[PDB]
Each structure stands twice: as C-alpha cells, then as structure tokens.
Amino acid sequence: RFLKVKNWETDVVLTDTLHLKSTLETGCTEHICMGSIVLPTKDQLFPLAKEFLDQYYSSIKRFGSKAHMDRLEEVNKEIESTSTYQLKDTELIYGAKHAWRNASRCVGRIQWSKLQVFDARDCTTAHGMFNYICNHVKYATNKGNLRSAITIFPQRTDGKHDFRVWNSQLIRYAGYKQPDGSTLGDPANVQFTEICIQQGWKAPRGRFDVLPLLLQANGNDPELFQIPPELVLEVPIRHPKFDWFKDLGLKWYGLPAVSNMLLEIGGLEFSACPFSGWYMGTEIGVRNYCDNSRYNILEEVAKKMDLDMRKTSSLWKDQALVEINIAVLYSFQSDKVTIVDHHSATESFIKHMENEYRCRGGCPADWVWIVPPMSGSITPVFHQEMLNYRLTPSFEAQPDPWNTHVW
Amino acid sequence: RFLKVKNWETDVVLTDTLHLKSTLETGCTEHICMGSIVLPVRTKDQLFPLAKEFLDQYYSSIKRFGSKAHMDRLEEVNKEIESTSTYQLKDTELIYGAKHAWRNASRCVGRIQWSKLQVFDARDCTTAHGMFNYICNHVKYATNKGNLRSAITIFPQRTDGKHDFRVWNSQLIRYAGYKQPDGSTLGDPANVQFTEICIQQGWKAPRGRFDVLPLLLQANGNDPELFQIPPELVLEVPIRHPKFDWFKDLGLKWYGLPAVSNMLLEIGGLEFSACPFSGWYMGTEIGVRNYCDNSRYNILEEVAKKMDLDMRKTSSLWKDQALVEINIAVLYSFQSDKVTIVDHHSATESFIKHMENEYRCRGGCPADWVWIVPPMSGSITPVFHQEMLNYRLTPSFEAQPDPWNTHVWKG
Ligand code: HEM
Ligand code: HEM
Ligand SMILES: Cc1cc(N)nc(C[C@@H]2CNC[C@@H]2NCCNCCc2cccc(F)c2)c1
Ligand SMILES: Cc1cc(N)nc(C[C@@H]2CNC[C@@H]2NCCNCCc2cccc(F)c2)c1
Ligand SMILES: C[C@H](O)[C@H](O)[C@H]1CNc2nc(N)[nH]c(=O)c2N1
Ligand SMILES: C[C@H](O)[C@H](O)[C@H]1CNc2nc(N)[nH]c(=O)c2N1
Ligand SMILES: [Zn+2]
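Protein chains in written order, with PDB author numbering: chain A, 299 to 338, 350 to 716; chain B, 299 to 338, 348 to 718.
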C-alpha cells in the first residue's frame with residue numbers, strides 16, 4: 299500500500315503515497331504487464358464532481374469550509390436539474406494545470422504551474438475556434454520565446470454536439486502518396502491530408518506544407534481554415550560544422566501543440582483542448598527525422614558524412630543520429646526559438662519528481678516515454694524507478710473524429 | 299482470450315495466447331504499473356502440481372503427452388515426492404528445463420539462441436573445490452579461444468534451504484572495486500562490497516583498475532571458500548579505436564565472457580540456487596553501461612576531453628558524441644581480436660525475428676521493454692516501436708537475495 303521507488307545511480311529511495319488516490323485503470327494485471335502498449350450519466354457524474362471539488366478546496370486550504378460545502382451543494386443541484394454543470398474559472402484553471410501535473414508521460418512537468426489558460430467556453434462556431442487558435446499560436450510562440458498554454462472549448466453535452474480539432478497538432482506537415490510508391494512529406498499525416506483535400510483543400514504538394522485546421526463546432530460538420538503563415542514560426546536546419554547540411558532543405562516548426570486529446574475535469578469532458586509548450590530536441594531530431602515511418606533521413610545523412618554503411622557494427626546510424634540532433638538544437642538556438650535538450654529536460658524532471666514526492670507524496674511517471682529515444686542510460690531518468698498510475702484531472706487519447714462522426 | 303501487440307513502425311499486429319499459461323505475479327495491479335521497478348522451503352502440498360505442470364510441458368514438447376512413459380514418470384515423481392519430499396530430474400528434463408528458463412527470460416534480447424545451450428550437469432558436486440573445477444571447465448568451454456559458446460553449469464538444488472549451493476560472485480568474471488579514503492573508487496564501483504568480503508575472506512588484493520576477482524564458493528550450505536580462476540582462462544580485450552590512436556592510452560580493457568552466477572533456476576518447482584550461465588556480450592553493455600554509467604567507470608568526461616568536444620553546454624551533445632565513439636571502440640576491439648560480440652542493431656533485429664517466430668510456433672514471447680531496448684539509440688532500433696507483453700512462465704531465472712545477507716556463518 300506504501301511503495302518505494304529507488305534510484306539505482308544515486309541509491310536514493312522515495313516513498314509514494316499518492317497512488318492510493320488513483321482512480322482509473324492501467325491496462326496491467328497481476329498476470330500481465332502492458333507498460334509498453336501505447337493504447338491499453351447523471352449518477353456517475355456527481356461523485357466525479359465531488360472528488361474534484363474536494364481536492365480543489367483542499368488545495369486552497371479551505372477544506373470543509375462553508376464555501377466548500379456551498380459549492381458542493383450548488384453543483385449537486387445543477388447536476389440534478391441540468392444533467393451537467395459548469396466549472397468556475399478558478400476551478401477550470403486549477404483543473405487544467407493539474408491535468409498537466411498528472412500527465413505521467415510528460416517529462417516537462419516541472420513547468421506545470423506556469424500554464425496560461427484560455428477560456429474558450431463561450432465559443433459557438435468553427436470560426437470562433439479559428440480566432441481562438443490563432444491567438445493561442447501567437448501568444449504561445451511569442452516571437453520564439455515560447456510560453457506554455459491551453460485553449461479550452463465548450464464541454465461535451467450529449468455527445469452529438471462535440472467540439473473537436475481534427476488535426477492531431479495545431480501545426481503539422483502534409484503527407485501525400487505518390488505514383489512512385491514513395492511518400493512525399495510526413496507519412497504520419499497521409500490519411501488526414503486526404504481528408505483535407507476531399508474536404509476542399511488546395512494542397513500545394515510539397516514536402517513541408519503546413520496543414521490547414523479542420524475545425525468542428527457543436528457537433529457540426531468540420532470546416533477548413535489556413536493558419537496565417539506569418540503565425541507559423543519555422544526553423545531551417547543547419548549544422549555548426551557541416552556546411553552541406555542546409556542542402557537537405559530540412560525545416561521544423563517551433564510550436565508543438567497537441568490538439569487531439571480530451572481533458573477530463575471533475576467528470577466533465579472537454580474534447581477540443583489544444584495545448585502547447587516547447588520542443589525537446591530528440592522529438593524532432595530522433596523521432597520526426599529518423600523513424601522509418603517518418604521523414605527517415607538516416608541513410609541520406611550518413612551518406613553525406615561518408616561513413617561505412619556496409620555493416621551495422623560501425624555505428625553509422627548512431628553517428629549520424631547524434632549529428633542530426635546537434636543540428637536541430639543548434640538551428641533552434643541560432644534563431645532564438647526555445648528548445649530544450651534531453652540531458653537538461655530529464656535533469657529537470659528528476660528534480661521535479663523529488664519535489665512531488667516531498668510535497669504531494671508522489672509523481673506518476675511512464676518510464677517508457679520519459680526516457681529519451683536516444684542515449685537513454687546517460688540521462689538520469691533511465692536509472693529512476695517510476696510508478697505509473699492514472700490520476701484525474703487528466704488528458705486522455707480519444708478516437709480520431711472521422712471514424713465516429715457522421716455527415 | 300486474445301491479446302494483440304502492435305508494431306508502430308511496420309503495422310504488423312500479433313496475438314498472444316501463451317500468456318494464458320503464466321503462473322507467477324508481475325508486481326503490476328489494475329491500479330499501478332510497476333513495469334520499471336527492478337525488483338517488483349516448499350511443501351509436498353505445493354510441489355507436485357508444479358512438478359506435474361512441468362512434466363506435462365516436457366512430455367507435450369516431445370510429442371509424448373499421455374503416453375505410458377508420461378504416466379509412469381508422473382507416478383514415479385509423485386512417489387519420490389511422497390517418501391523423500393523432493394524429486395530428481397532426468398538429464399533430459401534438466402536440459403529442457405534450462406533451455407526453457409532461457410526461452411522464458413523476458414528481459415533477454417539474446418533469445419534467438421535459446422535452443423543452442425550447452426548444459427553442464429553438476430548435480431554430483433559436493434564441495435567448493437568441486438564447484439571451482441566445474442566453473443573452470445565452464446569458463447574454458449564457453450570461451451573457446453574467443454569463438455564463444457553459450458553454456459550453463461547446474462549445481463545441486465535446494466533441499467531444506469540450509470544446504471544451499473551458491474556462487475557468491477554476481478558474474479564469474481568481474482573486476483574488483485576499491486573505495487579509497489578520499490572517497491574516490493579504483494576499479495569497478497559496482498563491486499566494492501563483494502571486493503571487501505573477498506579481502507575479508509583472505510584475498511590479497513593487487514589494488515589495480517582491472518583486477519579479476521576470485522570466486523567465492525559455498526557448497527552444501529557451508530561457509531564459502533576463495534579460489535583464483537587461472538589467468539590463462541580469463542580472455543580479456545584491450546580497448547582501442549579505429550581512428551583515434553589516443554584511445555588505447557586510456558588503458559581500458561574488458562573480459563570476453565559475460566557469465567551471470569547469482570540467479571536462481573526454477574524447474575518443476577525445484578530450486579537451483581547456483582546455476583551460473585553465459586553467452587556473449589552485446590557491445591552496449593560494456594560501452595554504454597560498464598564504461599559510461601556515473602556509478603561505474605564513468606569515462607565520458609575523460610573521453611570527450613581527449614576529443615576536445617564543447618563541454619560547456621550539454622546542448623552540444625558532447626556526451627552523446629563520446630558515447631558513440633566509446634561503443635565504436637568496443638565493437639572494433641572485440642572484432643579485431645576475434646572475440647564474439649554483437650552490436651545492438653544486429654541484436655534487436657534478431658530479437659524481433661525471434662519474437663515473431665515465437666508468436667507463430669508458441670503463441671507468444673514474454674518480453675520486458677524497459678530491458679529489451681538498448682541504453683543508447685533506442686528508437687533507431689526496431690524493438691523501440693514494438694509493443695510487448697511481459698509475464699512469467701516457468702522454468703525461469705529469478706533474482707535472489709545476496710548470500711552475505713542470508714548466510715548463517717558456521718565459523
Ligand atoms: C513546456 C515544455 C514541455 C515539454 C519539454 C514537454 C515534453 C513532452 C515530451 C517529450 C512528451 C513525450 C511525447 C512524445 O514524445 O510524443 C510529452 C508528452 C505529453 N505532454 Fe508534455 N511537454 C511540455 C509541455 C506540455 C504541456 C503544456 C502539456 C499540457 C498542457 C503537456 C502534456 C503532455 C501530455 C498529456 C503528454 C502525453 C501526450 C501523448 O500521450 O501523446 N506537455 N511532453
Ligand atoms: C547468447 C548471447 C546472449 C546475449 C547477447 C544476451 C543478451 C542479454 C542482455 C543485453 C541482457 C540485459 C543486459 C543487462 O542489462 O544485464 C540479458 C539479460 C538476461 N539474459 Fe541474456 N543474453 C545472451 C545469453 C543468455 C543466456 C545463455 C542466458 C541463460 C541461459 C540468458 C539469460 C538472461 C537472463 C536471465 C537475463 C536477465 C538478467 C537479470 O535479471 O539481471 N542470456 N541478456
Ligand atoms: C496513437 C497515439 C497515442 C498517443 N497518446 N499519442 C500519439 C502521438 C505520437 C506519440 N509520440 C509521438 C507522436 N506525437 C507527437 C509528439 N507529441 C508532442 C508531445 C509534446 C511535446 C512538447 C510539448 C507539448 F506540449 C507536447 C499517438
Ligand atoms: C538489482 C539487480 C537485479 C537484476 N535482476 N539484475 C541485476 C544485475 C544488473 C542488471 N544489469 C546490469 C547488472 N548486471 C549486468 C550483467 N548482466 C548481463 C546479462 C547477459 C548478457 C549477455 C549474456 C548473458 F548470459 C547475460 C541487478
Ligand atoms: C511500443 C512503444 O510503447 C512505443 O514505441 C513508444 C515507446 N516510447 C515512446 N515514448 C515517447 N515519448 N513517444 C513515443 O511515441 C513512444 N513510443
Ligand atoms: C530503473 C530501471 O528500471 C533500471 O534502470 C533498468 C532499466 N532498463 C535496464 N535495461 C537493461 N538492459 N539493464 C538494466 O540494468 C536496466 N535497468
Ligand atoms: Zn505494468
């Protein structure tokens with residue numbers, strides 16, 4: 299019931315108590331662990358509300374107070390006659406910061422309390438959403454000096470009136486199948502690119518074409534908008550030693566803004582809640598550039614370095630991997646766009662973990678995701694035992710809207 | 299029940315039925331995943356089922372399920388457990404047992420090789436001197452002048468648990484660690500404790516950076532005894548780099564035989580507490596962990612120094628650069644001296660083919676992601692994108708507490 303996490307590098311042992319306050323289920327059983335699997350009504354709602362409001366009132370040290378009890382009553386009466394309820398702004402701000410605080414896959418949580426929250430619950434149309442999203446992008450980009458933020462559209466009602474952003478990120482590059490057999494652009498985005506073109510998009514058909522927004526309001530058919538080009542900050546990728554690097558014509562965008570997840574606060578579900586922070590180098594350099602299913606540039610780079618690609622054992626893949634990541638980091642710093650490297654990102658998470666154990670009694674963490682996709686054991690997180698569990702408020706994955714929505 | 303695992307790189311989807319035969323417990327609950335926790348006497352009562360399970364598997368695997376020979380063996384084991392409270396495995400069953408413990412080891416990336424294991428039956432051993440001879444013969448057979456052969460030596464099983472055979476070393480070959488009065492370490496910091504015990508037991512420590520530790524061997528619950536592996540049986544590889552000639556000047560070497568000696572082998576409910584085993588290294592174990600852990604030889608600084616990388620900001624990736632070169636150096640030295648070794652690209656690609664083949668012939672492959680993924684360059688290796696299901700099958704290799712923590716000193 300009390301659980302120890304040990305760090306095998308520092309021999310430091312922490313004690314987790316926070317997991318007993320966990321509520322959702324993990325995928326794992328006593329027989330079978332699924333740690334590595336990417337995807338493992351009116352009554353129902355009130356305890357969810359009570360659970361949240363209790364923790365909120367506890368956070369502002371007013372637990373049991375009259376103001377506490379009165380909200381609990383108000384919310385209770387709102388649910389009975391309306392079937393749902395509305396969060397107070399203070400409650401919304403708290404809920405969002407905490408969904409982030411609870412995101413066990415996020416290495417970046419030391420930042421969790423500096424979250425700018427934009428209340429877009431007054432939004433009614435897809436046009437509304439487009440305005441709110443541009444202002445989010447502009448505010449978050451902040452001329453390169455990135456600031457973390459979330460925009461929160463109206464909550465689910467009866468499920469046939471959902472707000473949704475169809476893109477998986479606010480900013481992404483198209484993917485087109487070609488007569489060749491090859492893929493041009495980002496292969497991760499083929500299906501979505503095809504949904505856009507069929508929904509009317511004039512696709513330019515290049516390699517780094519910024520995709521349009523596909524925005525759905527009040528459960529209506531999704532509509533299309535182009536982000537103002539002058540709002541999408543992008544970075545050309547060069548290497549500090551390799552002059553030839555620029556000639557791959559590689560670029561990435563500054564703002565990572567996850568747009569496809571679902572925010573749950575006190576039983577209420579926000580289905581469109583784009584949020585953003587900033588990149589950890591390896592996200593672009595290792596995954597976006599090197600995944601076989603992504604831009605897949607290892608072969609090309611190694612060939613420019615004139616490494617012996619005749620055998621795996623020369624570590625030519627590993628050599629080229631490091632330099633691709635040097636270039637990402639160097640390009641972002643040279644243009645003064647915020648980026649953090651994986652040594653510094655994990656160092657920061659270790660410190661935040663220690664803080665969470667000291668001040669909250671634990672920190673849910675998904676080691677599989679927290680450990681960077683390169684150089685795992687030279688980052689401290691690798692040696693850090695972690696306990697994974699699901700707390701609420703939370704961000705969840707949710708079915709791509711096209712599989713479910715009807716026209 | 300059908301469980302599906304996906305590969306996010308290829309979209310190949312597999313289906314596990316084998317997990318339906320898992321007995322042991324994970325440490326994971328419906329509420330908590332302990333997937334990254336390192337560490338998450349038997350009655351007649353509880354033994355015959357385990358004997359039975361194992362024998363059923365064994366006889367099913369040889370296409371003899373339900374034969375007279377199967378029934379007679381069950382009856383025979385049952386009676387032996389009856390009068391003597393334990394039972395003795397046939398050679399065939401021990402061999403099959405040991406291969407399966409390997410095949411079942413979910414943290415092992417080298418399992419494409421599970422069927423090729425040399426088994427040394429050392430159940431006739433009675434003394435520490437006896438153990439030492441078995442271990443030398445194992446080191447020599449397995450090393451095979453650099454053309455490495457995988458092998459296991461199995462000493463007698465636990466009886467009442469007061470007469471345990473144990474190899475106090477965690478690996479048969481390992482370098483001593485020496486904590487200094489200034490608080491620094493000489494040699495391998497992971498072996499300071501065990502080094503001291505060896506010194507206490509009477510070993511003359513040479514006190515150098517790469518001293519091969521002596522074997523500390525306990526037979527039949529007796530106090531353990533010191534022995535020196537003959538140096539001529541200890542194959543070592545000096546580490547050098549294909550382009551950087553200053554790399555040799557770092558003075559690094561490493562031994563060729565990885566040989567884990569601290570684990571427990573469970574077969575048919577029987578417990579084999581000294582069962583040292585070996586194969587060959589994957590390069591990253593030496594170059595990433597052994598050399599580059601802060602709590603190990605910790606050579607990143609000194610290497611990157613000699614490369615003149617920019618060490619002012621971590622964001623130049625100086626550590627990543629040096630790491631790759633250290634690992635290029637390890638693979639190069641072993642290859643040049645003709646000592647078997649496998650890089651992590653080749654190993655993980657091998658493990659993936661192994662795993663798919665298992666899902667076809669066996670209906671599954673318990674696999675622990677946290678361990679299967681190498682400690683450098685994770686996502687450019689195919690296992691990173693592989694979903695895996697971790698669960699426990701017997702026979703198995705289990706961690707056991709270190710003997711200096713449990714042993715009753717006899718004086
Ligand atoms: C400010 C700096 C931030 C950093 C360095 C950071 C870093 C990361 C990284 C490396 C991942 C792994 C996901 C992947 O590799 O695809 C991740 C996932 C995630 N992050 Fe953070 N993030 C930041 C800001 C935020 C913010 C503002 C939120 C929420 C408001 C957030 C919530 C999440 C969630 C919910 C996941 C899991 C998402 C998924 O399953 O795809 N992060 N983050
Ligand atoms: C043939 C060459 C082999 C290779 C390349 C290989 C590779 C590996 C690697 C890289 C690990 C994890 C490394 C670590 O972090 O300690 C491992 C773990 C393991 N291997 Fe293998 N292995 C091989 C042979 C064997 C053999 C012969 C056995 C037993 C018959 C075996 C059983 C195990 C077990 C039980 C573990 C988990 C160890 C622990 O819990 O500390 N392996 N193997
Ligand atoms: C199927 C599925 C489930 C899931 N939970 N997720 C996915 C997106 C994949 C996962 N992993 C790569 C890719 N997602 C792209 C990277 N996501 C950005 C995380 C991040 C980073 C910095 C700041 C932020 F605000 C947010 C797919
Ligand atoms: C605490 C604890 C638990 C556990 N299960 N285990 C340990 C030994 C650790 C694991 N990781 C580093 C260190 N021991 C490293 C030795 N492991 C080599 C595996 C191997 C490779 C090639 C061929 C083989 F036959 C065997 C410690
Ligand atoms: C199969 C495995 O779960 C999958 O590849 C995971 C591993 N760890 C990851 N970690 C992060 N941060 N992002 C990912 O997309 C993945 N992919
Ligand atoms: C804390 C964490 O589980 C621990 O460092 C694990 C992670 N993965 C590993 N993987 C391998 N091969 N060997 C290890 O010792 C470890 N250590
Ligand atoms: Zn688990």
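Please note that a few of the clues may not be correct.
[Claimed, not checked] To give an idea of the interface, some chain B residues facing chain A are shown, with a C-beta separation under 7 Å as derived from the structure: (1) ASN305; (2) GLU307; (3) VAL310; (4) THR315; (5) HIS317; (6) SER320; (7) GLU328; (8) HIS329; (9) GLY333; (10) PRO338; (11) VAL595; (12) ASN597; (13) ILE606; (14) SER686; (15) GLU694.
[Stated by the list, open to error] Cut-off 25 Å, straight-line C-alpha distance, at most; resulting in silico cross-link-like pairs (PhoX-like, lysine-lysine): (16) A/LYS486 to B/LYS304; (17) B/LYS319 to B/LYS302; (18) A/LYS452 to B/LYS620.
Since the hints were made in silico from the structure, they are not lab data.
Just so it is clear, CB atoms sit at the ideal spot from N, CA and C, and this is done for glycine as well.
Hints, verified against the model:
1. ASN305: violated, 10 Å
2. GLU307: holds, 5 Å
3. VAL310: violated, 12 Å
4. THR315: Interface hint status for B/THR315: violated (12 Å vs cutoff 7 Å).
5. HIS317: Because about 5 Å separates B/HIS317 from the closest Cβ in chain A, which is inside the 7 Å limit, the hint holds.
6. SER320: holds, 5 Å
7. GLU328: holds, 5 Å
8. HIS329: Holds, about 5 Å.
9. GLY333: Check passed: Cβ of B/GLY333 comes within 3 Å of chain A, closer than 7 Å.
10. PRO338: violated, 9 Å
11. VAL595: Hint on B/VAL595: holds, closest Cβ of chain A at ~6 Å, below 7 Å.
12. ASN597: violated, 11 Å
13. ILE606: violated, 12 Å
14. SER686: Status holds, d = 4 Å.
15. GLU694: holds, 5 Å
16. A/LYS486 to B/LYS304: Holds - the C-alpha atoms of B/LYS304 and A/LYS486 are around 23 Å apart, at most 25 Å.
17. B/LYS319 to B/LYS302: holds, 16 Å
18. A/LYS452 to B/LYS620: With Cα atoms ~24 Å apart, A/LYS452 and B/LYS620 stay inside 25 Å; holds.
Checked against the numbered hints given earlier, this structure breaks hints 1, 3, 4, 10, 12 and 13; the rest are met.
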